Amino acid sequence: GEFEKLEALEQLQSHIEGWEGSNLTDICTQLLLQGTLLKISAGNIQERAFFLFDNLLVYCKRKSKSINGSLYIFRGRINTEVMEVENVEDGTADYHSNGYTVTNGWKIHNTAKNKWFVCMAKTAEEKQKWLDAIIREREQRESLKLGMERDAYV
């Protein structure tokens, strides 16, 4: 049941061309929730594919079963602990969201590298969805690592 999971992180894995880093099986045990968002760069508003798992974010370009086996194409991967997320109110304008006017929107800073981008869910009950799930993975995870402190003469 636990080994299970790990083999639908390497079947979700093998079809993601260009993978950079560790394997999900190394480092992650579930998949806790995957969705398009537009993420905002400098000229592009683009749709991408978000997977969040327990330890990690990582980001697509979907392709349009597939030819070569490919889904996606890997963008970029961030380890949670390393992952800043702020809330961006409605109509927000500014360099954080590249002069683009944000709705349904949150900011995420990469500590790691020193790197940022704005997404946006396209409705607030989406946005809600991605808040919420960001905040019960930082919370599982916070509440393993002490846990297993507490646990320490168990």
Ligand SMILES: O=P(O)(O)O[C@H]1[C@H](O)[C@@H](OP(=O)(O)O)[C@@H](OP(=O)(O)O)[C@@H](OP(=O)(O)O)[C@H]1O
Second form
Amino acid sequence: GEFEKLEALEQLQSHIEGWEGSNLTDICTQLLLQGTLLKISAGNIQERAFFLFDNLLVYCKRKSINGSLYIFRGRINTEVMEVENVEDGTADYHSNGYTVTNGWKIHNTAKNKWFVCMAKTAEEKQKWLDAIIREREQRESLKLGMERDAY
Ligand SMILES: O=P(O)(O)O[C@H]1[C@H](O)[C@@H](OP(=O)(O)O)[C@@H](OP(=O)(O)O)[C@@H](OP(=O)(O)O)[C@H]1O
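Output the structure of the form deposited with the named molecule bound; the preceding block shows the form deposited without the named molecule.
What follows is the whole complex; the chain from before opens it.
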């Protein structure tokens, strides 16, 4: 049930070193998807481990008894995250001029920051976009349900 999932969140966070900000068990309840993606940001191309929870996207560097597997790099409140598809073959400054396949863009609107994600396969891209949609839908459903109760 919910409580077992919270203990799992605390354990998951314990594998991320250099965590910044509020803890997962205070703001999240579930993991929709985790996976490795290529991230291109501010001219830099870097592979990152991404984790999409309800309300939060986290990305980490993979670490090269010690429980650390990931090094915290960033987090985005999904309420201030936008996503844009990128068509295969696009090559522009967002990808440093490299050709994008299986990619998309993420907008951190709280930082006015954009970056590109690329997956290795089309099916993996589709899993990510589907998970992003599902996280947003679940969050909106819960919010609108509460607002409709209050209104
Ligand atoms: O490794 P260096 O040389 O420091 O380059 C960094 C990394 O690409 C960062 O990505 P990551 O955090 O995944 O390691 C980071 O921010 P983002 O997390 O915002 O992409 C920086 O962009 P900006 O600090 O935003 O300009 C960029 O300058």
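If you superpose the two forms and keep the largest set of C-alpha atoms that fall within 1.5 Å, you have the rigid core. Positions refer to the first chain, counted from 1.
- Fit the rigid core and compare the CA positions between the two forms: of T123, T36, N44, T111, just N44 moves by 2 angstroms or more.
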